[PDB]
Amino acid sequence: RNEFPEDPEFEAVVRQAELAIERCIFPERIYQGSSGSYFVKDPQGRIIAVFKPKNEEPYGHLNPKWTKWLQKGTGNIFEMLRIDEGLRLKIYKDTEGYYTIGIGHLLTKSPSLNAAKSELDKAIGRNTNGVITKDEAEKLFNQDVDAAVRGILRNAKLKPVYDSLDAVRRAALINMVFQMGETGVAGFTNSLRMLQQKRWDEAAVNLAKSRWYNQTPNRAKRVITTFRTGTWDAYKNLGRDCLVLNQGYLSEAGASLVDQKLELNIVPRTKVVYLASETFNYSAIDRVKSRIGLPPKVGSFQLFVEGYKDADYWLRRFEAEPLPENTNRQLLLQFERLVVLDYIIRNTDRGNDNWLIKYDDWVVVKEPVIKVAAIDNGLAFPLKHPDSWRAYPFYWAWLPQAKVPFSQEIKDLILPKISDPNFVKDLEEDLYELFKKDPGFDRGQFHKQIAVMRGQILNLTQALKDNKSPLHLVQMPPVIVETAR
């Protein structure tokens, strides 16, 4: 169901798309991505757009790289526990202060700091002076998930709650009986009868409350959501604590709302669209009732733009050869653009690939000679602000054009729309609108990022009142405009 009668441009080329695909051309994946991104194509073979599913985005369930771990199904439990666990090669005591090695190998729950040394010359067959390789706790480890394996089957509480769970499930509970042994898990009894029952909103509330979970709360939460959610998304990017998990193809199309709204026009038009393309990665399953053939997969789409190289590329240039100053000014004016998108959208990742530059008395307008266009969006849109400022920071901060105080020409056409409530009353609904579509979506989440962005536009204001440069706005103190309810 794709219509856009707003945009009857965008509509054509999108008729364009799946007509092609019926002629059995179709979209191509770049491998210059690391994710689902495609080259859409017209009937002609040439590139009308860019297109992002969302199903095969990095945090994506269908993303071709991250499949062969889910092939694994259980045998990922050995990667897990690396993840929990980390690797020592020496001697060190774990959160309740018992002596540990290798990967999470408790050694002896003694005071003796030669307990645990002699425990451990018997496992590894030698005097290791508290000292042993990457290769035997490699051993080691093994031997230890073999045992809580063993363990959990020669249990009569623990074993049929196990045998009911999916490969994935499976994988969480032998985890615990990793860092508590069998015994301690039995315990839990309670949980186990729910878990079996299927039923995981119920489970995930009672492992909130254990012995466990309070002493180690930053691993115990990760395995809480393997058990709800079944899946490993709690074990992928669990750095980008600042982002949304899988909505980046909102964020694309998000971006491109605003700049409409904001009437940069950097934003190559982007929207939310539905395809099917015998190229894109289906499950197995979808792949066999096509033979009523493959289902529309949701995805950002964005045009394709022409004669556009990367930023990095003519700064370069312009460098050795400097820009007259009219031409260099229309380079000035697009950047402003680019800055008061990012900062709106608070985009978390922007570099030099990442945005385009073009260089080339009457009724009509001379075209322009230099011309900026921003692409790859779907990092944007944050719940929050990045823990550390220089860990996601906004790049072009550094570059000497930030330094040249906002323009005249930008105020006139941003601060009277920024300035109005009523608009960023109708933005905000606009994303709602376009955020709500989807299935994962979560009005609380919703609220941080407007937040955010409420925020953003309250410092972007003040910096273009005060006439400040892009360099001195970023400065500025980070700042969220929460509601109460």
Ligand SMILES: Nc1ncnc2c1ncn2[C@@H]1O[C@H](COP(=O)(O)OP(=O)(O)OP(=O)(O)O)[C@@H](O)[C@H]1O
Given for the second form:
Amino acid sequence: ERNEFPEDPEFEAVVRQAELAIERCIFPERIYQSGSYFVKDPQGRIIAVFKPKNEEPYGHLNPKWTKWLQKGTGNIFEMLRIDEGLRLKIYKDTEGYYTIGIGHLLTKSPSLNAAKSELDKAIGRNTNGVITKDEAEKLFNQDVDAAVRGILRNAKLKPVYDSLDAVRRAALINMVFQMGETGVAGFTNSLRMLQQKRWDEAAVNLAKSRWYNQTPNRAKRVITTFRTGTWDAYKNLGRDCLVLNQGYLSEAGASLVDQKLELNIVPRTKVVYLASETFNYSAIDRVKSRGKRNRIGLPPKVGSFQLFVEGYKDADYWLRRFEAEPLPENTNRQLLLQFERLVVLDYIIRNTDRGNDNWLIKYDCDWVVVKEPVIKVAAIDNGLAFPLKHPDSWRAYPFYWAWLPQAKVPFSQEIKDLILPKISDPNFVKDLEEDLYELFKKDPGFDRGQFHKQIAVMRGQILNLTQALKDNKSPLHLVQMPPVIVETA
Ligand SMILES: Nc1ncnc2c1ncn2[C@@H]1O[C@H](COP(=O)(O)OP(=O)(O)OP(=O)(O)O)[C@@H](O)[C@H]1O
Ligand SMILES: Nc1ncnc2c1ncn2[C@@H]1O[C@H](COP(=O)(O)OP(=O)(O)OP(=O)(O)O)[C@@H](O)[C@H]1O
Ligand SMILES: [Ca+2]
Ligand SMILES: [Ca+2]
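Following the display of the form deposited without this ligand, present the structure of the form solved in complex with this ligand.
In what comes next, the whole complex appears, and the chain from above leads the way.
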């Protein structure tokens, strides 16, 4: 609640100006180019980027999913479209029964002619197994009504149904849609627990059936729907190596890793609580804000707070110009030294999303002070890192800078002198795991099981990076090393 950071007085000062700006009604404006805002000072100057947890792509208050929110059982349509898909020609389901459109069962007969007959009757014309999308939607609407009708007609199903919330009702409709009224009623045990609100208890013994066994992926989506009562199971059906809704922790974790490695390319990021009318709040929070305690106001949202850096442009922008009109050797070397730090950071944390759009470059054209560098790099948008595992398809989530010509240059001695003494030291790696733990555990949805996997991947990255640095490998040869995890038994 209290954004205090004795370790970092400049950062705490920047946060204070953000709080003061909000009080004077200079609110952070939405970046929108979804859950990110340009935090400003009282003078209107942008001072940081803020990304609240509940507004992330998986966030419950994500403005992108709010449409889904109000509809609610009305989402059974889109829910079933995701589970059933669309096919304009007759096909066999998992049970081997003829089907068409959006999961519309035609018959249990092995005869394709009997199926075509049932189809012609349903559509009202000679289709020969082929229908249009509109015809599929019509049948789909009918099948949905029939599923609801079967529910409300049944004596065993109705009691469980009206006692359920809007979201959990769609889950029951889903089962009735797939198995029918008679079949779903056969789940006497699971139906009772659902009635008594015993969500976890029910989600367990629901997996104890041919339904789960026959179609596990579908069952898992529907069961978790019964468990959590949200639409999370249908938010991102591709497969994900990243944990659910912890992007802010990834943004902060990236800064933590960078600082301990002394990389200094990630603008300082930390977990910060902010309240702002410009943010997306629930209706219940909006109404209560105008109560009298001075008003109660809006609850401060938790999220990642990252300091804004000035003078930078897209890495794509600068790499573009450099490719055309190459930098002088001395400047290009400075650029390469920065690139190496970016490579080390992304590999250790395993950033899945680091295109030339996710890092910035600042190009500016006998003593006790070091002469200032002409070029500098900033690693931004580090919300999609610290994966639970290596991606099933590296092509889907690759290190994009690996395809850059800079990635072919061998690791300099300077980057070796900086990193090797740290990661090769098991005491350093242990403390790093500890710091990440204290940061990650703060999250309510924190899973100790997930964390051990995140660390196993990181330790696997450190293993390859250590040897790659010793062998003077380039970043490209580094990524080409077979990904591995160091798991504890
Ligand atoms: N620390 C920073 N300093 C300066 N500019 C920044 C910083 N972070 C982000 N920006 C600017 O804000 C833009 C968007 O930020 P970011 O990518 O983090 O937002 P996002 O919500 O993740 O959006 P996207 O969908 O593009 O990833 C960047 O293109 C960059 O121009
Ligand atoms: N841009 C990248 N991002 C992440 N990993 C990469 C990248 N490029 C190469 N690799 C890793 O290096 C290994 C060898 O890459 P290579 O260019 O030989 O592809 P490949 O072996 O032809 O394709 P496949 O990985 O399907 O065997 C891959 O298994 C991959 O894990
Ligand atoms: Ca981005
Ligand atoms: Ca992003």
